[PDB]
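> What follows is the residue order along each chain.
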Amino acid sequence: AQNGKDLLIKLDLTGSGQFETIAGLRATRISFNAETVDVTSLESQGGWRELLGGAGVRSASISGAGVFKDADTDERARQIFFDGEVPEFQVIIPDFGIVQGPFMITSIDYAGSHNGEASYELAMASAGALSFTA
Amino acid sequence: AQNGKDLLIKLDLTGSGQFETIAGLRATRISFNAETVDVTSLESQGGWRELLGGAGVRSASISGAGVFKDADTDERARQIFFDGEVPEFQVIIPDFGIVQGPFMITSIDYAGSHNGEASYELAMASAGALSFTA
Amino acid sequence: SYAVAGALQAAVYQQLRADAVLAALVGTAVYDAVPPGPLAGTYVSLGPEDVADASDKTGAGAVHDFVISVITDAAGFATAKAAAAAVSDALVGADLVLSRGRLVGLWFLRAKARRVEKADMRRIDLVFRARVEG
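One line per chain: the protein sequences are G, H and F, in this order.
Using PDB author numbering, the first residue of the first sequence is number 3, and each one after it goes up by one.
Using PDB author numbering, the first residue of the second sequence is number 3, and each one after it goes up by one.
Using PDB author numbering, the first residue of the third sequence is number 2, and each one after it goes up by one.
Simulated from the structure, these hints should not be mistaken for laboratory data.
Ideal Cβ placement from N, Cα and C applies to all residues, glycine included.
Careful: at least some of the hints might be erroneous.
To be verified - Calculated cross-link-like contacts (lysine-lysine; reagent style DSBU-like; alpha-carbon spacing at most 35 Å):
#1 G/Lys12 <-> H/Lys12
#2 H/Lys7 <-> G/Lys12
#3 G/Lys7 <-> F/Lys119
#4 F/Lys113 <-> F/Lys82
#5 G/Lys71 <-> F/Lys113
#6 F/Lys82 <-> G/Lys71
#7 F/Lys119 <-> G/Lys12
Claimed, not checked - DEER-style ranges, computed between Cβ atoms:
#8 G/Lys7 <-> F/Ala114: 23 to 33 Å
#9 G/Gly26 <-> H/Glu22: 46 to 56 Å
#10 G/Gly48 <-> F/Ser2: 33 to 43 Å
#11 F/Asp90 <-> H/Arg28: 49 to 59 Å
#12 G/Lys7 <-> F/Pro49: 18 to 28 Å
#13 G/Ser61 <-> H/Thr38: 40 to 50 Å
#14 F/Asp20 <-> G/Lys71: 20 to 30 Å
#15 H/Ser109 <-> G/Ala131: 31 to 41 Å
#16 H/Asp8 <-> G/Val88: 19 to 29 Å
Claimed, not checked - A few chain G residues that don't get close to chain H, going by computed Cβ distances all over 12 Å:
#17 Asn5
#18 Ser18
#19 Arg28
#20 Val41
#21 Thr42
#22 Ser43
#23 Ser46
#24 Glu52
#25 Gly58
#26 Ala62
#27 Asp76
#28 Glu77
#29 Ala79
#30 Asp97
#31 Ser109
#32 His116
Work out the full structure, taking the sequences as your base and the hints as a guide.
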């Protein structure tokens, strides 16, 4: 198996090939989807649903959360939301490797209570072609 | 089965054989039509509507819609509306083959929204003989 | 225990007594079996484990919430808190090598810190989680 701490998401500080992990990041989830575009004819094998595969639109979504630590990289995610950009984000899988895809920054939400930490969640969605450098 | 993203409709850049897909087009349709020329005699063995077949005029109607990606092929679609001509077009039914007829661009329309992308629809009509290269 | 825990204690004992700090605070007094003599009085002790079996279809793993206690006979116990500061930074983010199987991460958990017997000894437990793989 692989450690959960080694599965990170990270930003573009300068915007051109400069990657730093964000902050207090208690949880990450790169999450893939496919739109399962159905093609079932009048005859299909006895009544089973037949699917095509490669014609479906496919995507990815990143849901990060953790404690509010003001870094050079936490303020960078603010500037993506107010000035709408699609920078090259990067989610590293412990042993798979770098994904290196352009995501938008769909939902950011800073939260805080009278007795606890300052936290933030951080939702994303895909915006282009992903990769896999292995 | 066959994917819909391989049903490409192509436009001529130089007017002679240089066929390229238009732009980001999200929905495409080539639509053929016949004219159902009625030949109903006094005798029709019960009164069935008898048809003639060869006599009706036949047509092909292109309907394409998509996002405005300002390629050179998109501007070559715009200008042939202005000095209104009937250039040669090419629809590739994905594993039938090539349609290869001349079409007139009847309706082009560029639409945008405050919360959406810039989208164009594109409708063409048959201007001459159609073929089938396969 | 499961198959790994025989070598997990042998690895978290050998990661101690090679850490540079706590060789100057506790000394050589890192042991499961307390050797006979005069009982030095600022020792640490590494025995009370418990396992939780994080397994799967293919193979097996385990979650070891092993306890490393720090005992002191000093008047206050800023001595023990300085000694367990030297315990914990030696183990969190371990990158240990085992004799049988792998561990994927060595985190930290609860650390109770109270007065034990006759308000004289001061023992501060440290629960560390070790997710291993057999």
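> For each hint, tell me whether it holds in the structure or not.
How the hints compare with the structure:
1. G/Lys12 <-> H/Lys12: violated, 41 Å
2. H/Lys7 <-> G/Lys12: holds, 33 Å
3. G/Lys7 <-> F/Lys119: Distance of about 42 Å is beyond 35 Å: violated.
4. F/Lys113 <-> F/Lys82: holds, 11 Å
5. G/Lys71 <-> F/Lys113: holds, 27 Å
6. F/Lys82 <-> G/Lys71: holds, 26 Å
7. F/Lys119 <-> G/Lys12: violated, 52 Å
8. G/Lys7 <-> F/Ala114: 23 to 33 Å: holds, 25 Å
9. G/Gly26 <-> H/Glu22: 46 to 56 Å: Given about 50 Å between the Cβ atoms, the range holds.
10. G/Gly48 <-> F/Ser2: 33 to 43 Å: violated, 52 Å
11. F/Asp90 <-> H/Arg28: 49 to 59 Å: The hinted range 49 to 59 Å holds for F/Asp90 and H/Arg28, with Cβ atoms some 56 Å apart.
12. G/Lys7 <-> F/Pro49: 18 to 28 Å: Given about 25 Å between the Cβ atoms, the range holds.
13. G/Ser61 <-> H/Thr38: 40 to 50 Å: About 45 Å separates the Cβ atoms of G/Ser61 and H/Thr38, which means 40 to 50 Å holds.
14. F/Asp20 <-> G/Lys71: 20 to 30 Å: Roughly 27 Å apart at Cβ, these two residues keep to the hinted range, so it holds.
15. H/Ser109 <-> G/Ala131: 31 to 41 Å: Between H/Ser109 and G/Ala131, where Cβ atoms are some 33 Å apart, the hint holds.
16. H/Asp8 <-> G/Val88: 19 to 29 Å: Given a distance of about 27 Å, which is inside 19 to 29 Å, the answer is holds.
17. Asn5: Non-interface label on G/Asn5 holds, nearest chain H Cβ at 40 Å vs cutoff 12 Å.
18. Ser18: The claim holds: G/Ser18 sits with its nearest Cβ about 24 Å from chain H, beyond 12 Å.
19. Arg28: holds, 33 Å
20. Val41: Per Cβ check, G/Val41 is inside 12 Å of chain H; nearest 5 Å; violated.
21. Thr42: violated, 9 Å
22. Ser43: violated, 8 Å
23. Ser46: violated, 10 Å
24. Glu52: violated, 7 Å
25. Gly58: About 9 Å separates G/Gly58 from the closest Cβ of chain H, which leaves it inside 12 Å; violated.
26. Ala62: holds, 19 Å
27. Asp76: Nearest chain H Cβ is 28 Å from G/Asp76, so the label holds.
28. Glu77: Per Cβ check, G/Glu77 is outside 12 Å of chain H; nearest 27 Å; holds.
29. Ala79: holds, 23 Å
30. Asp97: holds, 33 Å
31. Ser109: holds, 17 Å
32. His116: Its Cβ never comes within 12 Å of chain H, the nearest being 37 Å, so this holds.
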